[PDB]
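Quick setup: one chain, the form deposited in one PDB entry, written in structure tokens, and binding and motion questions come after.
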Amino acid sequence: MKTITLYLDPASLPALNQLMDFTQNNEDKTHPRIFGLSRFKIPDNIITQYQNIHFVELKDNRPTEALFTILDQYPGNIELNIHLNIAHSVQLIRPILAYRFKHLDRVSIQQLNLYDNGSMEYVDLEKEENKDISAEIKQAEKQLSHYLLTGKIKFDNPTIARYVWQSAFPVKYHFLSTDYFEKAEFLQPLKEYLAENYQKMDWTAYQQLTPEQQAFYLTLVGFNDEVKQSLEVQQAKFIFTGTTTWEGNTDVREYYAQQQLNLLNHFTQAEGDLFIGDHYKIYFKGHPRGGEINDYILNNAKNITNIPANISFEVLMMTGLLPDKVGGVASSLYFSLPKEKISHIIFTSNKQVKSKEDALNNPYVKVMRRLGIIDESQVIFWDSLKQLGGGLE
């Protein structure tokens, strides 16, 4: 038999873990590998070090049928070692299970490794409170058995279905928040069911790699030496999280840049309501779609160091380079952060959030509040902050 390893993820955090897995096994130059990581282009000069390495696109959270052509190149008995995004696991595995169904004499599933997308999974699990979780699990197990057999996907509970793979295959889950599973009383039947099949995401894997593997990993994830050096200064560090625009009663994008500068001043200036201290070196993490707003902010906040948007907070955590403090405009990204690193999260106006009270009801904010990761006082509504000038700095 031949093992083929498939790395599938439309998002970021599962791919970062899967690229770490690849790096840990990167002395094996010929192990068949299929990469379907929509957000990560593996550089040519890595690809050409490997044989039997293949690439598939994802569409609508499934590998395209081009996957079948690759698997057809392995005519013997093949075992699939599959890495997946938990939230998207059902769609991602569908063409794999379709291929298995068609080649049942030679294709088997060796094991699954599944990784959180992010706050998604937790926001979705919260919607299942008050259900009979034991009964939801058992029904999903039966519907998965039908899926693996007849090929008909229908889950009464798509959220719980993400967690019943052990009923069919060997599986390991890698969770952003094991505390959630262990402290959400309503999920105790699921926590017990998952048994030894889950662990916390391994944020220190990078530190155990050889120096050459560390460099390899940084190349895989697009974390170049310029940005890395900028984050190794022996000083306290604060990252401001930028946004795009919000409901400010104007379409003028410059207004939203100026207002984000005002929010930044409340962290950087002693006069600010959110003052972090004069001893922090300031960084800016623009929203990936901020575009020219990010240029406006960088230009008018002179002493700030830009962190490009492709460098996620998780890859900073994966490499041990998270700053000491993070604050600014809110996003579900904050769910991934250690509690000690979160300063203040500022909510802007939209359809669902028009006040601090609304912000406290935000779905990921609610999970974080239950887990004790933030206090309500760390949640700020944007227009509660007065206009504040910058400094000569």
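Positions refer to the first chain, counted from 1. Basically, rigid core = biggest C-alpha set you can superpose within 1.5 Å across the two forms. First, how it differs from the form deposited in another entry.
Taking the core as reference between the two forms, the lone member of 207, 199, 299, 188 whose Cα moves by 2 Å or more is 299. With a cut-off of 2 Å and the rigid core superposed, residue 376 has a Cα displacement that falls short of the cut-off between the two forms.
In the core-superposed comparison between the two forms, the C-alpha atom of residue 274 has shifted by at least 2 angstroms. The two forms, fitted on the rigid core, differ between the two forms by less than 2 Å at the CA of residue 135.
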Contents of the next structure:
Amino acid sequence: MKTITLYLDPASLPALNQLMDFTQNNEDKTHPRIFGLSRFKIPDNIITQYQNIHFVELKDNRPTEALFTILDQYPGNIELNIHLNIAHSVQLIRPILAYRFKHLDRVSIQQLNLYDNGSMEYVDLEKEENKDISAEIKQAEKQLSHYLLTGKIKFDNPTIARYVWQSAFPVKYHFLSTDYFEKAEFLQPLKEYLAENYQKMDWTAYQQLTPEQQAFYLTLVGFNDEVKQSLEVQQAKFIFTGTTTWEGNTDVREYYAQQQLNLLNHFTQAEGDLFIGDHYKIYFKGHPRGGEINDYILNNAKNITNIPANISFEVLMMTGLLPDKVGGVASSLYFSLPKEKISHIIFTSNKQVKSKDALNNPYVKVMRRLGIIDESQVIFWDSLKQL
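Starting from the form deposited in one PDB entry, produce the coordinates for the form deposited in another entry.
Shown next is a single chain and nothing more.
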């Protein structure tokens, strides 16, 4: 059968790993490929070098029907090599299964490779701490069978359903935290169930690439030479990480901008509660969707070096360019960082958190369970004095 590789991800981390897989296989210029990476654009100077390369929009975390137009161009027997975001795997594969239904004679699923979205998978797993995980797996497997037979989605445990694909297809899972699955006691049944179908995320794959493939990869992920040089000075580095807000209200976005500037000052100013000392070069890493929030920092701070905000932070993990220290507002990007590199992580007030909620939320709990952070490194945003 002819193999078609599908790279699907609405987010960042899976895409980063999928673009590594493409780079590792980039000598094959005609292997059929379909890219559905909402946050990444393959430069046309690379697209033109490949044949049978296709692109599909994602909408509501699934490929659009435009996928069918692509697959119709391959009228023989086809086996699908599918790369997915774990958290969104059920929706991402939905149009693929629908197409297979219409072409059961010639379309088969060869294998799945699944990659963590980031913190969201582990948080979601925390909320299942009190469940009979062994029973949830069996039910999820049963309901995955119904999905595969009817095309209709109904999971009593949508979270555990993300981890039962091996009951249907050859699968390999790539986890940001293998420790979590091995340390969390309530997850022991799941760890044993997954058996030899998971592995730790290949963060050091970039180091095994060829010199030219390394440059290939950096072009795919938007990390140009100028930014690289900046993060290679022989100086103690601290990177301040920013955040964003859904709200459109100018007013509110302005408050988030003013408050993130204040948080920066708590790290970098001597009177600050989070002062890291005088011996660090300071970088700012805005949130990709920060918009004016990011401009507020650069326009009103000083002695800071900007790292373009649309770069996914996790690139620095995939490339070995992490700083000595990272600090800022809680983000998925922290789940993937070494413990000794964390200064302080700050939390924003919302529905569940109106105080340093005794750290009774899953995010901190996961991090503490894994030992990435201690209580002294958790900060509630509103408790910080206005400097």
